[PDB]
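> In case you want the letters, here they are:
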Amino acid sequence: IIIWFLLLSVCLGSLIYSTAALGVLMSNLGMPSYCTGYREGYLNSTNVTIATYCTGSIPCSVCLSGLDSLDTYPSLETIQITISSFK
Amino acid sequence: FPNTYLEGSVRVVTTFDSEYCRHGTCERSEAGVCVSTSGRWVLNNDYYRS
Amino acid sequence: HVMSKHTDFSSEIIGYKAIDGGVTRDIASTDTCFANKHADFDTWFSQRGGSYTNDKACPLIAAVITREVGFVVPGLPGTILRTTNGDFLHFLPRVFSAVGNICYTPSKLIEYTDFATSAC
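If you read the protein sequences in the order shown, they are chains A, B and C.
Under the numbering used here, the residue at position 51 of the first sequence is numbered 51, and the numbers go up by one with no gaps.
For the numbering used here, add 87 to where a residue sits in the second sequence, where the first one is 1.
For the numbering used here, add 137 to where a residue sits in the third sequence, where the first one is 1.
Any given hint might turn out to be false.
[Stated by the list, open to error] Interface residues of chain B toward chain C, partial, derived using beta-carbon atoms under 10 Å:
#1 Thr91
#2 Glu94
#3 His110
#4 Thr112
#5 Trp128
#6 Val129
[Claimed, not checked] Pair ranges (Cβ atoms, derived):
#7 C:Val209 to A:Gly13: 27 to 33 Å
#8 C:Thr167 to A:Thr46: 36 to 42 Å
#9 A:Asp71 to C:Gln184: 40 to 46 Å
#10 C:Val209 to A:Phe86: 39 to 45 Å
#11 A:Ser9 to C:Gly186: 50 to 56 Å
#12 B:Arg136 to C:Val232: 36 to 42 Å
#13 A:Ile79 to C:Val209: 21 to 27 Å
#14 A:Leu15 to C:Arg204: 42 to 48 Å
#15 C:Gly237 to A:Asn28: 43 to 49 Å
Source of the hints: derived by calculation from the structure; they are not laboratory data.
For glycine and all other residues, C-beta sits at the position ideal for the given N, C-alpha and C.
For reference, chain A alone in the conformation it holds in the complex:
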């Protein structure tokens, strides 16, 4: 029952990896390919984060894998800290 869903997820992941390999071959040799439209739109766009661009979609997110993003910086976070109370 769940094995069919697991196999579907595995096949989708394999196809996504194939598209990523096609994108690598594109970056090496060109190229008009699958993820070209997303990257072309994102480069000219003002969206510094991929979350607001792809809206959480999986194929859009993995089409942009390997590129720089604002989310990659951990130093920009600021953990809220409560100072010592008293003596």
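Mind docking chains B and C on chain A? Use the hints.
Same frame as chain A, but now just chains B and C:
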């Protein structure tokens, strides 16, 4: 952030019996009035009083 | 992704500043690790005798520029510019030359030397 009446090199602030918080740091303070000779952050507690 | 060095807008840069914990701060020679996107920062540190190792878990370097470059994003200091290769850059625009790092009070803008002991 507490209410202020003078800003610059010298500051005067007023506080209430509630915790005040700023960017990344929340602190507890009591009601009163504080005067500082410098523009450093000031709150009413023993740590800043020392 | 691996950080790369770019030389665009190099003639418009007077100096460099460091961003740590989301708040800009001054740079010291005793620090050991930084996140850098500029190649001239190596000459800047070498003239002062500094060395460092590049890592993503270390404070970022931003350059003070005299030209309005990039656009404002809420929650981020300075301005953000994206290169033609897709890499992002950070700058500190200014209106007057006597500017270090500026923090925002609810009413006015006041410079500071240390965020921990300022009215920021």
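> Now, for every hint given, state plainly whether the structure supports it.
Checked hints:
1. Because the beta carbon of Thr91 of chain B sits about 8 Å from the nearest beta carbon in chain C, less than 10 Å, this interface hint is met.
2. Nearest Cβ of chain C to the Cβ of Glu94 of chain B: about 6 Å, under the 10 Å cut. The hint holds.
3. Taken as an interface hint, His110 of chain B checks out: its beta carbon lies about 7 Å from the nearest beta carbon of chain C, inside 10 Å.
4. With a cut of 10 Å, the hint placing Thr112 of chain B at the interface with chain C holds, because the nearest CB-to-CB distance is about 8 Å.
5. At a threshold of 10 Å, the smallest CB-CB gap from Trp128 of chain B to chain C is about 6 Å, leaving the interface hint in force.
6. Because the closest C-beta pair between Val129 of chain B and chain C is about 9 Å apart, less than 10 Å, the hint holds.
7. Taken as a hint, the range 27 to 33 Å is violated for the pair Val209 of chain C and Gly13 of chain A, whose Cβ atoms sit roughly 39 Å apart.
8. At about 38 Å, the beta-carbon gap between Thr167 of chain C and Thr46 of chain A stays in the expected band of 36 to 42 Å.
9. A hinted range of 40 to 46 Å for the beta carbons of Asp71 of chain A and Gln184 of chain C is inconsistent with their spacing of about 34 Å.
10. The beta-carbon spacing between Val209 of chain C and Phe86 of chain A, approximately 41 Å, falls within the hinted interval of 39 to 45 Å.
11. Evaluation of the 50 to 56 Å hint for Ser9 of chain A and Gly186 of chain C yields a pass: the beta carbon distance comes to about 54 Å.
12. Taken as a hint, the range 36 to 42 Å holds for the pair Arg136 of chain B and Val232 of chain C, whose Cβ atoms sit roughly 39 Å apart.
13. Taking 21 to 27 Å as the suggested C-beta distance range, the pair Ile79 of chain A and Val209 of chain C conforms, at roughly 25 Å.
14. A beta carbon spacing of about 46 Å between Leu15 of chain A and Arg204 of chain C agrees with the range 42 to 48 Å that was offered as a hint.
15. Between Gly237 of chain C and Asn28 of chain A the C-beta distance comes to about 45 Å, which sits within the given range of 43 to 49 Å.
Against the hints set out earlier in the document, violations occur for numbers 7, 9.
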